[PDB]
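Q: Here's the letter readout for the chains.
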Amino acid sequence: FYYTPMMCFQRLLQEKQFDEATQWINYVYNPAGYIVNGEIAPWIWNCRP
Amino acid sequence: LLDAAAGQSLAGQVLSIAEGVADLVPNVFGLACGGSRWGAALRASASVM
Amino acid sequence: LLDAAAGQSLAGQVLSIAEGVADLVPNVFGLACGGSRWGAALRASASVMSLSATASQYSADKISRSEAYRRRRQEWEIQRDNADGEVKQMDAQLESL
Amino acid sequence: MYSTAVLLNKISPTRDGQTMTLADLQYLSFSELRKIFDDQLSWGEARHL
Amino acid sequence: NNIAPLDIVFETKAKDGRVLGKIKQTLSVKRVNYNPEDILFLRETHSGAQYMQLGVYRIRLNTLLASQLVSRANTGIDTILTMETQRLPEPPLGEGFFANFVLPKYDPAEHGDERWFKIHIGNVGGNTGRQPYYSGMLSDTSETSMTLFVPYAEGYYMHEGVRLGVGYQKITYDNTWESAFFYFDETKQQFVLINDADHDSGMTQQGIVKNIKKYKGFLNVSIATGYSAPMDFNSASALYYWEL
Amino acid sequence: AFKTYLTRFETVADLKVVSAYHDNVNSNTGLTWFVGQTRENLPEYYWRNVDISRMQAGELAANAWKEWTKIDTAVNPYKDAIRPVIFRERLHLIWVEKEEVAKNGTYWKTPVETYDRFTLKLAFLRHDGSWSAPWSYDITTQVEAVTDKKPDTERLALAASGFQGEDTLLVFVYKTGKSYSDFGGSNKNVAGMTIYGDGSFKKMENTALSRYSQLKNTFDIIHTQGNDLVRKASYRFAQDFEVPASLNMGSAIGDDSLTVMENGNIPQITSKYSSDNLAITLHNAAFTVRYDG
Amino acid sequence: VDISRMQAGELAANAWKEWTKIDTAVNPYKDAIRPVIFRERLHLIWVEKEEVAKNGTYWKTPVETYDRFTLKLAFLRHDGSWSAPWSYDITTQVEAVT
Amino acid sequence: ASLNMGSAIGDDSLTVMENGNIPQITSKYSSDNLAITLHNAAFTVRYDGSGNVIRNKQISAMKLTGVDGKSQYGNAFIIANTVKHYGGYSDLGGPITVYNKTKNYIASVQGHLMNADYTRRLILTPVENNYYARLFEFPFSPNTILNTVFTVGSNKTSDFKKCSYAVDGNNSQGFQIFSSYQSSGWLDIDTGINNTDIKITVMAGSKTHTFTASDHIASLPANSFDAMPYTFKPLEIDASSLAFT
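Chains as they are written, first to last, in my numbering: chain Y, 25 to 73; chain V, 9 to 57; chain C, 44 to 140; chain F, 2 to 50; chain U, 41 to 284; chain X, 2 to 294; chain Z, 12 to 109; chain W, 5 to 249.
Possibly wrong hints are sitting among the right ones.
[Claimed, not checked] The list that follows gives simulated cross-link-like pairs (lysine-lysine, DSS-like), each with its CA atoms no further than 27 Å apart:
1) X/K110 <-> Z/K83
2) Z/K60 <-> Z/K28
3) Z/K41 <-> Z/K71
4) U/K210 <-> U/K250
5) X/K99 <-> Z/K65
6) W/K74 <-> U/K158
7) W/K74 <-> U/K210
8) U/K158 <-> W/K67
9) Z/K60 <-> X/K17
10) U/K256 <-> W/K67
11) X/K203 <-> X/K99
12) W/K160 <-> W/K107
13) W/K74 <-> U/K253
14) X/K104 <-> Z/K65
15) U/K254 <-> W/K237
16) X/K110 <-> X/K122
17) X/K110 <-> X/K80
In short, the hints are calculated from the structure, not lab data.
Whole structure, please, built from the sequences with the hints as guidance.
A: Written out as structure tokens, the structure is:
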């Protein structure tokens, strides 16, 4: 839930894939929140621990 | 192609260990039972590794 | 030769899977029937797909060195441009002199 | 599944003398339409529309 | 369609009227349908044509162009890449026949506000009612001609054979003796149309009917005898066809 | 290169379908899976999936299908005894492996028999294209009973039904016939086998077989026209109505930014069908209220 | 070789073709090999001879050495490759004719 | 076992034959007599040219009908050989006129019109400069042209022969060129056909046979300007006079 998403994020950032990196890091965090079932997610972070 | 070949080569350990586990069943039988391949599983595992 | 060897190596999956399907028939028989090779087809398929991967690496380094040849050609073209560029450099320098 | 014509009739009238057609419903987010018509239809019908 | 929606609403409301929450969730119930007439089945003809059948519709699954591909490959590849190869005929999808329909030009007075039409099939299998078998886009400049393959089965048509009608909206020609009727004559061992004109006597699937009336809506209906279906670029193998 | 490409094209296009399965209790929505074999005399099998949920009553899209995909497992089935099923909402493949085996040898047991050790081999496609080795189950006695000790004379078929209500598999081994009778008891044609999601095999009792009597209409049968054979696709099976066994809603912030509802879930949703009355029982419907904006 | 334009005893060198090996490892019985053409394409037929017998009785002394004659039909695919042969058992008919 | 011919464009760049094929060709040898049976010999006729002004205008002219009410097939027509622009505002679809001799009809065709305000009329006069010397005048019932037949009714065959320079407007101001077409020379055609006008002639050695659609027809199609599919009976021809060299 935590290490692999940043693994991909770091690889994409190193290889200049900015929008793919942002989309992948949205799985763990998003400053604009998360859209679940078409509604504002009450939680701030998409990682439970 | 290189990566697909590497993973697809990794895709054979299960097959050969299945060979090894199934070679324990005797093949000749009746008035003369036996013919099992003695411990073929370990050479199969050695080959796949 | 590399490409022909790769495809010709691919030309063996059918043969070994035929081995695997034909090994199911028992070889000893009579008062003692049996001797079938238990599931030889799957190790045959494993071997042929491994050698298919081998021919895959063959095609891989073949095309990699082909692209290396193309890079060599591009570098030669660029340095030939450098050569005739300095040729005309000194062509104009000569009339100045 | 779900009858789009019946759903449009249920939403009708669109306080203008005509039916609330699909084209006029560009229109708004899922939470927005659920808030507006929460007393007229259900979640599955909203998803279908 | 063997599915039904229900809804669960949790309503918590304060005494002052401040709604704590009105949460809606939709659940779907799927009804079991194991009717053999509604269960699809797989069939293959002696010519090698493999198809699936769900109810009345038949869909091709495999292809049989291998021999022709080998023949053109033995010749130069230019012979492979020809129009004649791309229009090569295919075996029929099971037993059946081919009907060519020519529909007249669009008319706001006759057809109405909408140019498009829906072709429906009638008495088939065990269903007397109508089933939409095709949808077509009319032309306002000339007549529209299209060929449809109607499948067949042993005793598949009940009373008055099989019906084929059309609806252009604002009008629907599915009254008595208005849709084209077909049956399978055994004396001629072939598919025979019933109502090509006004007749005082005619042999149909259930005997002699003394009042046959010409079909309406369709400008011309013909049986394409000896017609082979052309090569299809929209089947399950359309991806491979487009590739090649 | 073009010649090799067209060779591969011919090889992949000469596939002929042999089995099919549907992920639904009806024929209105759901997804269908096809499995076929190459024309050539070797057991290379391919699979495809197609979606008929948006299929337009006789009209379909080319993109609605999928390309053939080879199964890299080297299956060696008996004739046409291959079938795909889906459980754990994931694909699995079943087949019988036929080998020439006999019993022990007596004083002068002249006819050392040539009975077949029928073995169901359950192998599934893992996520990354790989395949797991098949679970091996021996159903020789049941195959003997259903073939009446003459399996090579008659065609035998196997039907796989994935009960998703509690995630079990019903395998029916039967003899090919024009029509089929009811399950359970007198009918020796159909033998039932229950396999779980872990590997535990169980013989279905007569009552268990009769519990699924409505599935007899989806068998591979002989058409009325002589010796014609028509196949049929198996279906996802439920008792009479399929609903998910659990429901989860989530959370919702109430009015005035003061209250919130969370942990909305019904863990158990069961359905009892008595005659024509359907009683849906929701066990332990629970949630939580919290004063929080 | 093509004899369509062969000139009644006179032929061209180019009218022939070079020998091409069959990469199938055929094991025919003596000289039982023959090419044919169907689906307007080349196929090769041969019989495979193996020393097989029947089951064993009480004291069946002469376990026979009859031959299991198997026609193996393998054809040349387009790109030089060969398909594995269809296997047909015609032992009874060979016994009857011999 | 099968034969496929293809397609051929007929004379005058007006007609085409396509889908020529005999799917089944069987041969029965009884003693020394060889009966060749061609099952379902079929093809299709279509009114369509090689692609030019002639095609894209006259084909639509024949397809579109007028007061008589659809049909108009089997009639004799007077057409123009080549049509070109002559002058005016713009080269639109423009008024293209054709003459139906059987019913004395003038059929007009136009792709699109620029102005829907002027009551521009089909005007035929061989001078393009004297509105007072006009010989054909037909107005538009709706302000937008619908390419309708204007039903002369009288014998103006020679008038159509000697009238060129089709003009769009020719309104009260005299001429006001909207679109003018030079029709060059004129030609005679006839859409009619006879049952015996279609035939298949087989030759094999000294045996020559002519099977027509009057006695060997399996399906007689409709009578219209669109594609006509013609299929014949299974033809059994005895061919024993072939010189087998």
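Q: Decide, hint by hint, whether the structure agrees.
A: Hints versus structure:
Distance check on the hinted pair: X/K110 and Z/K83 sit about 35 Å apart at the alpha-carbon level, beyond 27 Å; violated. About 32 Å separates the Cα atoms of Z/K60 and Z/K28, which puts this hinted pair outside 27 Å; it is violated. For the hint pairing Z/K41 with Z/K71, the CA-to-CA distance comes to about 30 Å; that exceeds 27 Å, so the pair is violated. A threshold of 27 Å between alpha carbons decides the hint, and for U/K210 with U/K250 the separation of about 31 Å lies outside it, so the pair is violated.
A hinted pair counts as satisfied when its Cα atoms are at most 27 Å apart, and X/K99 with Z/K65 qualifies at roughly 21 Å. Under the criterion of a C-alpha separation no larger than 27 Å, the hint pairing W/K74 with U/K158 is consistent with the structure, at around 25 Å. Our distance criterion of 27 Å between C-alpha atoms is met by W/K74 and U/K210, whose separation comes to about 23 Å. The straight-line distance between the Cα atoms of U/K158 and W/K67 is roughly 25 Å, inside the 27 Å bound, and the hint therefore holds.
The hinted pair formed by Z/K60 and X/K17 fails the criterion: a straight-line CA distance of about 32 Å is larger than 27 Å. In summary, the hint linking U/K256 to W/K67 is supported, as the alpha carbons are separated by about 22 Å, within the 27 Å threshold. Restraint check: the Cα-Cα separation between X/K203 and X/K99 comes to about 21 Å, which is no more than 27 Å; the hinted pair holds. For the suggested pair W/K160 and W/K107, the alpha carbons sit about 11 Å apart, so the restraint of at most 27 Å is met.
Restraint check for W/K74 and U/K253: the C-alpha separation of about 23 Å stays at or below 27 Å, so the hint holds. The suggested pairing of X/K104 with Z/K65 holds, with an alpha-carbon distance near 18 Å, which does not exceed 27 Å. Distance check on the hinted pair: U/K254 and W/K237 sit about 26 Å apart at the alpha-carbon level, within 27 Å; holds. Proposed proximity of X/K110 and X/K122 is contradicted: the alpha carbons are some 32 Å apart, above 27 Å.
At most 27 Å may separate the alpha-carbon atoms for a hinted pair to count; X/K110 and X/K80 exceed this at roughly 30 Å.
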